[PDB]
Amino acid sequence: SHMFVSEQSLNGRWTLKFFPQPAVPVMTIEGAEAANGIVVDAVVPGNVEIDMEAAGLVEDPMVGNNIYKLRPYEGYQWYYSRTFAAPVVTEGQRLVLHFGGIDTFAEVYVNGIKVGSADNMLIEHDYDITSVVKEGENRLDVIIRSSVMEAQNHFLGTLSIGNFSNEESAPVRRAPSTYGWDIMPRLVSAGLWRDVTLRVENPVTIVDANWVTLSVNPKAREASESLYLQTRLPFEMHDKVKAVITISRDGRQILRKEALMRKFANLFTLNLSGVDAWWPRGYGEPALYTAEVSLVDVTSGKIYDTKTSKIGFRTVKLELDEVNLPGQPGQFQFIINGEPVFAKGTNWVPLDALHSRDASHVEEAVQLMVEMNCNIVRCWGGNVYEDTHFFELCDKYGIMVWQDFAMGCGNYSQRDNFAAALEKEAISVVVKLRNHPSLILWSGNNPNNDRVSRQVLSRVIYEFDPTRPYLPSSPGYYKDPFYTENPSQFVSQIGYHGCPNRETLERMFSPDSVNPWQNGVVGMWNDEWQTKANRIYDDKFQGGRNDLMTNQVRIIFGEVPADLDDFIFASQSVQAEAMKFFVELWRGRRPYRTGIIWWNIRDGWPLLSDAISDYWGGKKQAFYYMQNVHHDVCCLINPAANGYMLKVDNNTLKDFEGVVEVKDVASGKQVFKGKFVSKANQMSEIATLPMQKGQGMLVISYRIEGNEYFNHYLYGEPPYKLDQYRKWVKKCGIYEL
Amino acid sequence: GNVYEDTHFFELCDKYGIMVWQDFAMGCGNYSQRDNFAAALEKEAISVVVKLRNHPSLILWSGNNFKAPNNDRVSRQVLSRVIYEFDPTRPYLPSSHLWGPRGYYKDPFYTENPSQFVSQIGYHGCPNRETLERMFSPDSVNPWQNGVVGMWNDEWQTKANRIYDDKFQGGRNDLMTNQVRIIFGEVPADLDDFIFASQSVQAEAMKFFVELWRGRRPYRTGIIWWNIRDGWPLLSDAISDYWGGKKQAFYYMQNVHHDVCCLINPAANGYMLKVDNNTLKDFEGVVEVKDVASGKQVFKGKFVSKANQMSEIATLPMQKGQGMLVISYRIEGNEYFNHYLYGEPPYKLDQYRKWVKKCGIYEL
Numbered sequence: 019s020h021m022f023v024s025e026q027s028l029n030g031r032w033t034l035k036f037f038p039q040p041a042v043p044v045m046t047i048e049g050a051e052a053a054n055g056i057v058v059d060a061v062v063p064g065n066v067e068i069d070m071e072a073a074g075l076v077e078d079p080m081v082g083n084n085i086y087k088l089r090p091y092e093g094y095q096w097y098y099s100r101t102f103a104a105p106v107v108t109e110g111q112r113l114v115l116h117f118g119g120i121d122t123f124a125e126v127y128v129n130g131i132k133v134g135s136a137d138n139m140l141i142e143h144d145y146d147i148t149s150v151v152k153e154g155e156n157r158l159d160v161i162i163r164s165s166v167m168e169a170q171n172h173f174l175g176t177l178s179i180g181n182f183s184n185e186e187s188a189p190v191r192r193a194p195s196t197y198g199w200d201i202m203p204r205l206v207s208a209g210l211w212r213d214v215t216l217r218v219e220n221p222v223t224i225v226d227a228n229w230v231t232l233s234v235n236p237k238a239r240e241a242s243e244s245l246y247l248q249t250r251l252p253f254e255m256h257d258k259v260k261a262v263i264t265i266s267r268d269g270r271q272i273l274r275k276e277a278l279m280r281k282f283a284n285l286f287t288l289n290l291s292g293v294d295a296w297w298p299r300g301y302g303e304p305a306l307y308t309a310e311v312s313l314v315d316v317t318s319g320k321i322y323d324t325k326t327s328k329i330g331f332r333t334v335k336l337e338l339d340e341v342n343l344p345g346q347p348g349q350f351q352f353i354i355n356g357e358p359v360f361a362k363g364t365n366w367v368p369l370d371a372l373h374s375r376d377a378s379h380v381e382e383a384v385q386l387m388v389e390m391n392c393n394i395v396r397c398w399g400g401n402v403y404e405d406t407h408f409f410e411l412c413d414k415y416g417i418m419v420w421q422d423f424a425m426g427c428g429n430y431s432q433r434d435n436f437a438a439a440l441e442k443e444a445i446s447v448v449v450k451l452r453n454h455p456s457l458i459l460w461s462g463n464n482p483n484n485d486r487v488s489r490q491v492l493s494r495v496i497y498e499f500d501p502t503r504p505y506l507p508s509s510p536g537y538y539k540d541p542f543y544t545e546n547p548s549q550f551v552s553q554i555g556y557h558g559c560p561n562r563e564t565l566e567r568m569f570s571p572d573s574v575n576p577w578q579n580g581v582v583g584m585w586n587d588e589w590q591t592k593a594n595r596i597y598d599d600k601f602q603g604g605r606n607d608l609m610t611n612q613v614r615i616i617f618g619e620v621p622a623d624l625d626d627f628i629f630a631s632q633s634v635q636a637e638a639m640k641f642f643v644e645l646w647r648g649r650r651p652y653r654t655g656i657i658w659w660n661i662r663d664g665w666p667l668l669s670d671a672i673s674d675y676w677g678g679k680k681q682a683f684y685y686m687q688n689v690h691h692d693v694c695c696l697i698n699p700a701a702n703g704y705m706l707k708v709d710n711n712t713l714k715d716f717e718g719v720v721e722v723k724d725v726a727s728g729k730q731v732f733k734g735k736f737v738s739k740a741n742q743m744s745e746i747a748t749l750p751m752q753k754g755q756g757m758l759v760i761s762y763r764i765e766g767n768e769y770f771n772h773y774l775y776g777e778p779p780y781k782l783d784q785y786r787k788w789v790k791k792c793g794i795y796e797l
Numbered sequence: 400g401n402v403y404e405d406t407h408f409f410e411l412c413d414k415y416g417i418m419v420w421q422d423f424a425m426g427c428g429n430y431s432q433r434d435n436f437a438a439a440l441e442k443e444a445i446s447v448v449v450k451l452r453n454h455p456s457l458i459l460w461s462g463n464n478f479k480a482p483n484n485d486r487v488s489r490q491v492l493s494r495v496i497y498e499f500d501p502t503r504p505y506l507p508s509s530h531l532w533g534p535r536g537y538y539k540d541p542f543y544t545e546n547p548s549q550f551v552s553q554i555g556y557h558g559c560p561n562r563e564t565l566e567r568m569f570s571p572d573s574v575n576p577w578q579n580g581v582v583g584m585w586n587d588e589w590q591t592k593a594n595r596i597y598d599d600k601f602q603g604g605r606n607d608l609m610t611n612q613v614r615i616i617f618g619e620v621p622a623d624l625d626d627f628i629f630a631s632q633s634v635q636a637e638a639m640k641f642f643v644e645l646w647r648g649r650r651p652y653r654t655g656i657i658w659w660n661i662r663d664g665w666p667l668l669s670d671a672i673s674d675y676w677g678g679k680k681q682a683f684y685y686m687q688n689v690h691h692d693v694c695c696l697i698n699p700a701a702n703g704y705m706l707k708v709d710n711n712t713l714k715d716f717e718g719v720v721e722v723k724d725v726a727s728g729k730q731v732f733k734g735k736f737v738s739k740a741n742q743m744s745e746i747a748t749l750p751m752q753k754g755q756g757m758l759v760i761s762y763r764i765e766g767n768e769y770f771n772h773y774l775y776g777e778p779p780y781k782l783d784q785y786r787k788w789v790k791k792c793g794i795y796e797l
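As given, the protein sequences belong to chains A and B, one line each in that order. Sequence positions in the first sequence follow the authors' numbering and run 19 to 464, 482 to 510, 536 to 797. Sequence positions in the second sequence follow the authors' numbering and run 400 to 464, 478 to 480, 482 to 509, 530 to 797.
None of these hints come from the bench; they were simulated from the model. There's no promise every hint is true.
Restricting the straight-line Cα-Cα distance to at most 25 Å, the calculated cross-link-like pairs of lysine-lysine (BS3-like) are [unchecked claim]:
| no. | chain 1 | residue 1 | chain 2 | residue 2 |
| --- | --- | --- | --- | --- |
| 1 | A | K237 | B | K753 |
| 2 | A | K325 | A | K442 |
| 3 | A | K275 | B | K600 |
| 4 | B | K753 | B | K729 |
| 5 | B | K733 | B | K723 |
| 6 | A | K260 | A | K275 |
| 7 | A | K791 | A | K679 |
| 8 | A | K739 | A | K237 |
| 9 | A | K260 | B | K600 |
| 10 | A | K328 | B | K479 |
| 11 | B | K790 | A | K281 |
| 12 | A | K258 | B | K600 |
| 13 | A | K335 | B | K733 |
| 14 | B | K479 | A | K450 |
| 15 | A | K729 | A | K753 |
| 16 | A | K260 | A | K325 |
This is chain A alone, in the form it adopts within the complex:
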C-alpha cells in the first residue's frame, strides 16, 4: 500500500507486432516498424501465445501435441506498443515507469528515447522518465528479443553442459522450467507478464521500510520490532519532515511514534506490549499487525508518502546437527519463536507455463494448502519468484515459505559477469520479500567452491536479511529401503506417479487418444500420452517416464487393468498409499525426523505427473489420503520388526487426550482400543499391535475433544487383488471411489 501521489495503470490493450529475428537482433524503433512482421491485439499483463491464440494464430497448447507447434516462435521478436497520457508533475516530483515483469531481453523506449535495457524476467524494472516525457500523448515501445538466441553469446563450462537444466537456461536469468522440464512443458514465451504502471513520487518519498523482529515473548504478549527506514529527503526538507509509525490491528492502535527526520536513513527501535506472535499452522495463530510509516510536513501537515504493510512478530532460527552426519544436508530443524516445529508441506512448482496467468491461480492454489493443512511450502528454483500477494496469503494462513533462488540443478558460471547479474537479482528479491513473516529460509540449491552458492548469494543475505538462515545446499516399491532408510531428518520426499481424474483426461487428450494404450496393447502409450508425460522435444519413442505408472500398479496390484476407469483407480491408489506411508513414516519417527516436504500439490500444465491434483483443480485420490495424515493430531500405524506400532503425533503446543479404536475392516474384529495422552510437539507410542494374518486393512477411529477422525493402514505384502482393495476402501468408509 505504497501511497504514491499518483499511480496510473498502463495495463490493457496494447499493439503486438512479432516477426522472426534476423542475424543481428532488432533493437531500435526504426528497425521494428520496418521489419516485415505480423500485428495482432495484445493484452498486458499477458503472454504472447495468449494474444496469438486469440485471433486464431495458434491452437490451444494445453491439448494434445499442440504444444510443439509453438517451436518456431522461440526465435521470434515481439514489439509491444502503446500510447499513454502523461500526468502533471510539480517541480521536484519524479515520474517512474514501473514494470512488474518483462520476459526477458528487451529495450524500453519512451517518446523515441531509450529509457532502459532489460535482461531479467524475475525482478521488477523501474525507469525515471521525467526528462523524456512530454505533455499529452506519449508513445511507449518495448522491443523484446529471442531469449534462446541470447544463450549463444556466452561460452558455457563443462559443468553447465549436460544437466537436467537446458544449456540455454544457464547464461540467462530466466526461470529454468520455461526451457522445459519433466513436470512443466517447454514454453520460453515472452511478453510483459506483470503489471505496468506510472508512478508520481514526491521529492520527499520513502525508498524502503524494512521491518525486523528482534525478539518476541509469546507469553506476556511482548515483542521488539525494528524499522530500517531509508528515505529520499532534500536537504531543505531536513528537520522539517517527521516520520509517523503506526502499528494497529483490527482498527485498534497498538503503537504510534513520531520522530523528526534529521537524516535520510534512520533506525527506530520499538518495544511493544500487548501483541501476539506469528505462528505457523498448528503451533498457534498467524497474528498479523498492520504497520504504517508516513513522511509528513511538521508545519503544513501534508503527507508526502505513506507505506503500509502487514507484519508478524516472529523469530526464525535453523538449528544444525553436528552429531548425526555433521555437515550432510538434511540434518537441521526449524525453530520458530523458540519452539522446534515439525514441517509438513509441499513443494511449489509453477502455476502456469504462461506465467501471466499465475496471479489468477494463487488464490485457489493457496487454498489447496489450507485444506491440506501445510505449515510450510518450498518455492522451487525453477518457478519464477512469486509476487507479494502469494506471500500475503501465506502470512494470512500461517504457511511458512522456503524460497530457492531461481538456479537450475546443474552447476553455473564462476566468472564475474554472471555473478554481477545474480547479485542484482538477489538484492531485488530479498529487499522485496524480507518483510513477510511467512518466509523463513533462503536456499541456493546446488563441491563447496561455487561462487554463486557460497559467496554471491550469501553476501547478499549477509547485508540485507541477517534475520533469516541461508542454506547453500539443497536436493519401485514404496517400502523399499531406498525410502525407509533415508538418512535425512528434513526430507524432500520424491513423489509417485498418478493418473489424473477421468474428466481431465477427456479434456487434455483428443477423443481418439483418451484411451492410453495405442493399438489396444496394454503397456504401450499413444503419442499424446507420451507428450503429456512431458517430452520437452518432439522425439518419437516408446515408454520412458510413463512406464512408472504401470510399474507401480504392477508391483502393488499384480497386473495393470485394461479398463481406463480401473487403471485410474489403480494408479491413484498406489500413489495414495505411497504418499500416506511416507508422511506416516516421518511423523512416526520423531523426534529424530524434523520435517517432510512432499512433491507436489498442484501441476502448472495439463500433464500426467507425480502430483496429487492437476492443473484444472482435479484432486486425485492421493489428495484425500494425505489430508488424514496431515492433521494437527493424527493417529497412524507404522511397520515394526516383529509386528506393527500404533502411534500418535502432535504438531501443536497443546496437550490432548482421546481414545483410539483399531479394528480389521474385513473381519470386523477389534485389534486394539484404549485411551491415549498425546503430549504436545512430540510423537507418543500407544501400543504394539499383533501381526494380523494374510492381507487386509485396519481402520483407525480416534476421537479428540468430541471430534471423530479417521485413518487406516494396509497390512500384508504385495501383490493385492484390485477389486479386493476397492472392497476394503469402501468398507472403511473414509474415502470414496
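With chain A's structure known, arrange chain B on it following the hints.
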C-alpha cells in the same frame, strides 16, 4: 573516526619514539560488501600504506570494529590484501564496551577483566574553569539550570556533544554526576567544588587503571587509555581540553607513567607495594611510604627493580579507616612521588581535599 594525519605527525613520533597504532578510517558500524565500496577502499588503503610504510614509529594497521562476524569483506579481505602486497613488515589486526559500567572504577568488570592489552578506557572530568567561561555564554557558565543541581542547561547539553539540537535533558552529561555520587556521596552545588569533584574522580579512576595494569605484568601487555586531548571545546572524558587546560588526571597519570614507578595495588587482606620497569636497564632505590592523615610510617626499605618486569616489594598492612598513603621513592639521586587512596566509597569531598594537600604532589 579521525583523518589520516600528515607526514609531519609521524615524523614527530619517529623523533620522540612514540609507536603508532593506525586504525583504518571506519567507525563503529559494519560497511558495504559490494564491489563499488571495496574498490574505493583499496585505492585509499594503498595510498595511505605506501605513504606511511617508511616511518619506524608505525607498528600495526587495524580495520576497527542478536542474529549470530568474520565474514566482513573489507576488514578480512580488501584491507588484508593491501597489507599483504604493500606492507608485509607490520602486522594487520582484523578488528579492535571496554568501558562497561561507567560507575565505580573498582567494579569487578574492571578489576577482573581477562584482557592483556586494553585499548579503550576513560572516565569523565569537568574541564577547567577558564575553559568553561570561554566556551559557554555568561548566563550558562553555571551548569545547573534554574539552580537545580543535577539538571544541565541547554548549552551544557550541547557541549556534551548533541549531534542534533534535540531538546533532551540528561544523557552523556549524567556520567559526570553519577561518578561524583558514587565516589563522594553527593554532587557539590558550588562550581569550583564540582570541578574539583569530577576531575578527582577522573584522576583516581585513570590512575587506578594504569596501576592495576602495570602492577600485574607480564600477563598485562599494555594499556591504551582514552583521549589525552580534545579536538573541540567540549565537556568530555579527556584529561586536557582543546585550549590546553590540563585537568587533574593529566598530572596523576604523569606520575604513574614514569620509566620506573612505585605503586600500590589492592590485595586480599591488605595492600601490596610494587615497582614497574619499562626499560632494558636494572635500577636500585629506596621507597618510604607513610599515612598522610597521621604521619605514621607504614613501610620503608630498599628495592631492586629488574629491567622489563614488575617486582613486588612487600605487603602492606590493611589500614582501618579512610585516608591516603603518600609514596616517596628515590632512584639514582632523584625523588619521585605517587599516592594511594584506601578505604571504601563514599568519601567526604573536603576531606579528600585535605589529604591531597598533605601529599604535596598536586595543586588545587
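### 25 Å Cα cutoff - pair A:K739, A:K237
At roughly 20 Å apart (the allowed maximum being 25 Å), A:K237 and A:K739 satisfy the hint.
### Message
Would the hint linking A:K791 and A:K679 be met if the CA-CA limit is 25 Å?
### Response
holds, 22 Å
### Query
Is A:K258 close enough to B:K600, meaning Cα to Cα at most 25 Å?
holds, 16 Å
### Query
Is it true that the CA of B:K790 sits at most 25 Å from the CA of A:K281?
violated, 51 Å
### Message
Does B:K479 sit within 25 Å of A:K328, going by the straight-line distance between their CA atoms?
### Response
Holds, because 23 Å separates the two Cα atoms, which is no more than 25 Å.
### Pair hint A:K260 and B:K600, alpha-carbon separation not exceeding 25 Å
holds, 16 Å
### Message
With the threshold set at 25 Å, check whether the alpha-carbon distance from A:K237 to B:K753 stays at or below it.
### Response
violated, 52 Å
### Query
CA of A:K275 to CA of B:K600, is that 25 Å or under?
Since the Cα atoms of A:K275 and B:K600 sit roughly 17 Å apart, the hinted pair holds (cutoff 25 Å).
### Query
Is the straight-line distance between the alpha-carbon of A:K260 and that of A:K275 25 Å or less?
With Cα atoms ~10 Å apart, A:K260 and A:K275 stay inside 25 Å; holds.
### 25 Å Cα cutoff - pair B:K753, B:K729
holds, 13 Å
### Query
Given the hint that A:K325 pairs with A:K442, does the C-alpha gap stay at or below 25 Å?
holds, 23 Å
### Query
Regarding the pair B:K479 and A:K450, is the alpha-carbon distance no greater than 25 Å?
Between B:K479 and A:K450 the Cα gap is close to 20 Å, so the pair holds against 25 Å.
Of the numbered hints listed earlier, those contradicted by the structure are 1, 11, 13.
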